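K.L.:
Can you make the complete structure from the sequences, with help from the hints?
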Amino acid sequence: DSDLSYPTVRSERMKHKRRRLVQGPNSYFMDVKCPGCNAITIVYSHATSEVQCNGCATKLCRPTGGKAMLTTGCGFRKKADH
Amino acid sequence: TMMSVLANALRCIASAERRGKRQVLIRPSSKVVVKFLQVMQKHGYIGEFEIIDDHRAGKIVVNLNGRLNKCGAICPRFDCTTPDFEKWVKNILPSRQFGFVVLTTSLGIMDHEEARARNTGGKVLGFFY
Amino acid sequence: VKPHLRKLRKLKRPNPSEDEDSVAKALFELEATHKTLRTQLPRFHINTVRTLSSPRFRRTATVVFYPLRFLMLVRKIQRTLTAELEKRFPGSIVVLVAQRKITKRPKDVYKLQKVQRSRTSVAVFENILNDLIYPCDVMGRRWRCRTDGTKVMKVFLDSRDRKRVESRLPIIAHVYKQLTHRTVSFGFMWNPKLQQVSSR
Amino acid sequence: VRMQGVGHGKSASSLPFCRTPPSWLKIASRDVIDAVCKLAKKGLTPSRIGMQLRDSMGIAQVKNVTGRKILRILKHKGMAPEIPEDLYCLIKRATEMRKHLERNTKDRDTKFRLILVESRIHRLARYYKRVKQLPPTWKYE
RNA sequence: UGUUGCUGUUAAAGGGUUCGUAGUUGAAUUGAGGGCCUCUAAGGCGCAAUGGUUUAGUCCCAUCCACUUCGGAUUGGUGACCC
RNA sequence: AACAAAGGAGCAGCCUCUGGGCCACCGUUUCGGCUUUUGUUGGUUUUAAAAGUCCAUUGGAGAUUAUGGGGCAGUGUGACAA
RNA sequence: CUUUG
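Chains as they are written, first to last, in PDB author numbering: chain S, 5 to 86; chain b, 2 to 130; chain q, 3 to 202; chain R, 2 to 142.
Calculated directly from the structure, the hints in this document are not laboratory data.
Cβ atoms here follow ideal geometry from the backbone N, Cα and C, with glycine treated the same way.
One or more hints might be untrue.
[Unchecked claim] Listed next, the in silico DSS-like pairs over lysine-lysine satisfying Cα-Cα at most 30 Å (straight line):
1. q:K195 with b:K60
2. S:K21 with b:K22
3. R:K43 with S:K37
4. q:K14 with q:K78
5. R:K70 with S:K71
6. b:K60 with R:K42
7. q:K195 with b:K22
8. b:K71 with q:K153
9. S:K71 with R:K64
10. R:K112 with S:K83
11. b:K32 with R:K70
12. q:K195 with S:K71
13. q:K195 with R:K64
14. b:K60 with q:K179
15. R:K100 with S:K63
16. S:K21 with S:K82
17. q:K14 with b:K36
18. S:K83 with q:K153
19. q:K153 with b:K60
20. b:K36 with q:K156
21. b:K43 with q:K78
22. R:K27 with q:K195
23. S:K83 with q:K165
24. S:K82 with q:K195
25. S:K82 with q:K78
[As the list claims (entries may be wrong)] Derived CB-CB ranges, DEER-like:
26. R:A29 with b:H44: 52 to 62 Å
27. q:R121 with b:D85: 34 to 44 Å
28. b:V6 with R:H9: 15 to 25 Å
29. S:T52 with b:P29: 53 to 63 Å
30. q:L114 with R:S15: 29 to 39 Å
31. q:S123 with b:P29: 21 to 31 Å
32. S:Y10 with R:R109: 49 to 59 Å
33. S:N30 with q:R61: 40 to 50 Å
34. q:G151 with S:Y10: 33 to 43 Å
35. R:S15 with b:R78: 31 to 41 Å
36. S:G59 with R:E83: 27 to 37 Å
P.N.:
Structure (structure tokens):
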């Protein structure tokens, strides 16, 4: 059990992102809608800035932490990785 | 830092074959490491292996048997000639029976028997028992 | 002269072959009244030559060739065009392969390092394969070396695309073979991030 | 290990195995290249431009779509900086520390640091005269 | 006296710490072809086809027991498997 | 394996057939040199080749080798008084 | 349409 050329789920998913056999990212993109307009802006999950709503300006996120955190009352769908 | 890629393979492989592992991981990779395994793999010291792609630097995996005892590299890559071989065979190998020394010759990467036969000298590379 | 052999390069026009004609015609046919901007694009586009490769399978391997400068204009429309041709020609798959020319190793140190990397064997062969399975992409490569010294290669796709491409594969393999003279196999997976493999 | 300090970090970024761009993008080459140069006019360095452009436009690695990298783009339009970002950064840092020491002469830590910085300046400069990208008449102070 | 081939926690021996020139050492990559003709040629976990009578075993039918804990039968179907 | 070179916009360079037009080049610190034929030698000239350059023009390729596409139709002219 | 202003 647990061949090292063909691991399970468990024996990958834990590990730090460079210590897989793949060395993928760890992040994704999203779409976000504001109450004050009809738009979709496309925003980065670990944004690390304040981003002004596409065509509006009010800030859809705060840059805080190692993962950025959406401004309140703004709805958010996710997107694929593919 | 990381200097020799080659010896960062053959040291891993060696140790693991003692410790009772049936497989090994080898984190950097080279156009040298590959060849060195291909040799061994003929005789039966190495059973198979895989080569994984990451598009930066590869990884490699190795299978094992129990029929390998030690392998290593002879680091400065000294020089050898048609009579010279018997020096190395009296030294690094335990006997003139079952060992092999590995060389890089004009023709390509080979093992001492083959070398002498075709009458090339060349630099030296590593060994395996 | 013919109105439909301006969808073919100059130098095959006077005395054309058979399979050449069918394709050329089809493009000229399509070129009017198929909505917007695949009724302008294929004008510019021309074919270089053609081949029709015949395996022992149910279906046969129609392979096109067109020169490399039209590459940009093909990718956009590529999905569409592949559909349209499959309609017309029955019992044959259809693939669009751009045409490239390689440079071999010189065995000189100083010559080697001046080679344009794009046209070296590797990067060429990669692109060829990509052109075949166009939307599917390559999610991993591996090479498995046997006891016999014999290297194989295998390529991993996404299950998300699977039902579409699935049937086509043995054909596609045969095509890739008689172009590169290297072998290819295909698996799928279903999570590329952690890297598992389909069993379904 | 750290260049002239000690420490082992491993904070890093690993981009994906696939080098092909997403399905969902509705940009093409033109659109990208525009936005690059446009923001450069503010006085952003290559780093800052790339960060702005992932957080608003969803273009991750510019190289994937545009077929070339941030600095190449700007060189071709002549907006590339005369003295490259990485060393210019250092120089700015160093100057500030020197100012501080004109008032604070019993500070010791700062001066230990200043050494390290100034050293690093040299080493970079010497690889921008080994690789031609400065005059050979370049000097620090 | 140690290039092959030494020793440095406590037996003789890591220099208080750091920067740093000469000097020594330094990651990956352009790439290794196929086709055809035979020989008892070592394998296919690929496939068509005939042979299984408990003369293999296992699924799905049948019937009676049965509240844990029953087994006779239709080569059941050349699903499957030897050979 | 070593040595030297490059630091990529440090480029954004189509080719070929044919015909026409113009045109002496080469070195130059106060005009020096000039391949052949006209029996041969000396002096003089004409003619052609080739090169330079422009125009017209034939077939073909393109992977910045860049046509092509797009813009102004500012050397301008001619084909519509609709 | 052998131009028009």
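K.L.:
For this structure, which hints from the list above don't hold up?
P.N.:
6, 10, 15, 17, 18, 21, 29, 34
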